[PDB]
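To begin, one chain is listed below as structure tokens, in the form deposited in one PDB entry.
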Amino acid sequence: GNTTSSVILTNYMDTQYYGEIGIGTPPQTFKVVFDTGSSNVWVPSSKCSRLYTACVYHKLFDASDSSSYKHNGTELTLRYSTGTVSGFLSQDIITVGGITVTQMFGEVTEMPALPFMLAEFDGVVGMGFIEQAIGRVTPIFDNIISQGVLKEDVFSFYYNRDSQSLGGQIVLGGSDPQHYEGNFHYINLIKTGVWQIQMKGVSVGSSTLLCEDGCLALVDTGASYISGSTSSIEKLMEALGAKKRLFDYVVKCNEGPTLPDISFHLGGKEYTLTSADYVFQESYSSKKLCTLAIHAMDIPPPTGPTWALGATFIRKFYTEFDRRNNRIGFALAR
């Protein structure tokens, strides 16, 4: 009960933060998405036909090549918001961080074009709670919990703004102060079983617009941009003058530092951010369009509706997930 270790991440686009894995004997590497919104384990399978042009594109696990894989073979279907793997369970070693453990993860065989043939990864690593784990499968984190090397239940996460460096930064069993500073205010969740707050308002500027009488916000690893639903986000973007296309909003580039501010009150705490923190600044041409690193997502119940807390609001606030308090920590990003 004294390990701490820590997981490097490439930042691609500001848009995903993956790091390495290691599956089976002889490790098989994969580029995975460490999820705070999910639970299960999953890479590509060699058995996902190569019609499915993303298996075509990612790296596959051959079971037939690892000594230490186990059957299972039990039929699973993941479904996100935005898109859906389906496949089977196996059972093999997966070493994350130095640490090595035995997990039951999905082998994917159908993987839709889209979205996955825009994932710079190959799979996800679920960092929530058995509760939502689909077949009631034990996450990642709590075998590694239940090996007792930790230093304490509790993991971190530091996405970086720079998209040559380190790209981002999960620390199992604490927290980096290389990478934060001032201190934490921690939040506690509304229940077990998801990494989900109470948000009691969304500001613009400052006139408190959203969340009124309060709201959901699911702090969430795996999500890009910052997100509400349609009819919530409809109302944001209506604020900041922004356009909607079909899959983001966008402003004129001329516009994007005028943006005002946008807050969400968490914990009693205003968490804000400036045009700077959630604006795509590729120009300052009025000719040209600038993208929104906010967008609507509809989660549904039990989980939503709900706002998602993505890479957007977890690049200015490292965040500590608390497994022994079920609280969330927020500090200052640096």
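Positions refer to the first chain, counted from 1. By rigid core we mean the largest C-alpha set that fits within 1.5 Å across both forms. First, how it differs from the form deposited in another entry.
A 2 Å or larger CA shift between the two forms, after fitting on the rigid core, occurs at just one of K151, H71, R245, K191, namely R245. Annotation: Cα of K287 displaced by at least 2 Å between the two forms, core superposition.
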The other form holds:
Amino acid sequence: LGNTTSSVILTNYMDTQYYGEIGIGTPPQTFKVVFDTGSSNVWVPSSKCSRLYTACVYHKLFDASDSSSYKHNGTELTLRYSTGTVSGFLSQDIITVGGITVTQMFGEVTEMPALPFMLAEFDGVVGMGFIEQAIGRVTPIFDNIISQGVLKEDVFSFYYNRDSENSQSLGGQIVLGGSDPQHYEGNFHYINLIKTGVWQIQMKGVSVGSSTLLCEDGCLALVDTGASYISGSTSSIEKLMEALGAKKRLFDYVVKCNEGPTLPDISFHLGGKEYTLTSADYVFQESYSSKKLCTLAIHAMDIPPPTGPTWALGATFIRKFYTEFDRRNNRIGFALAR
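Next, give the form deposited in another entry, keeping in mind that what was shown is the form deposited in one PDB entry.
Only one chain is given; partner chains and other molecules are left out.
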């Protein structure tokens, strides 16, 4: 341990994508990345990404030939998420994350599909997960930063803000090595991980207003900074949505915008505490008109073993509760807001 922290300011795109800058190379090539506790690899698109993929013409590409600290590896890799898949090869270089500099093995991505990566405002991903789930067992970036012995504590924290058209306010902030009390209130309460290797905790029930109608007898909750939404299994979400009176439009679940504020609180029972989102927290009140339909920030996602079936607590949850991921103690701390 040392005496420093490093923060990275995040851009909020439409409350569904949150990303910040890293630099790769000497001199640094700068990319927009999602900092993702739900995966463990660092990747960006390659200058060798063939321009067949519209996604690669529309994102910043890493040119290894322009860095005097680049070292070749070549080993191939396929990274696949629950919503999309990328593929490429391993390279080594220096990565700057809020003026921490760290030598890191990462993926230069050469196959990058339009679905979904044309919708991505970010270029790549910095996996904040554990080595146990890293592809190619490449040492994750946070472990390499812990190895430097500069960070005040072996934790990192996430603030995700609510988007506003009347402010140019920060979209979010990640702090490596600690937390920022400006963005939460009170004190952390922690829930221990079921096992090291995944940012996943036991959940003891999910209530809709007055009744634990879901997850009686327990279920799993991934805390996923790379997911836009709160997610459940298709069956859990069907039942949640019936309880709310929301219905599947064509693609998504909606409520009449005026009735949004009549919807019940949703509480997630974690570590003896109730983490409660109100309807204002989980419905996109694009308006409050009785003539308009409004979407909810909750979706089905059937996550396969070994990680799933599980709920995923993504940006929707994180906007409400500032989150501290504690590697030393294998636990996740939450605090409100702000």
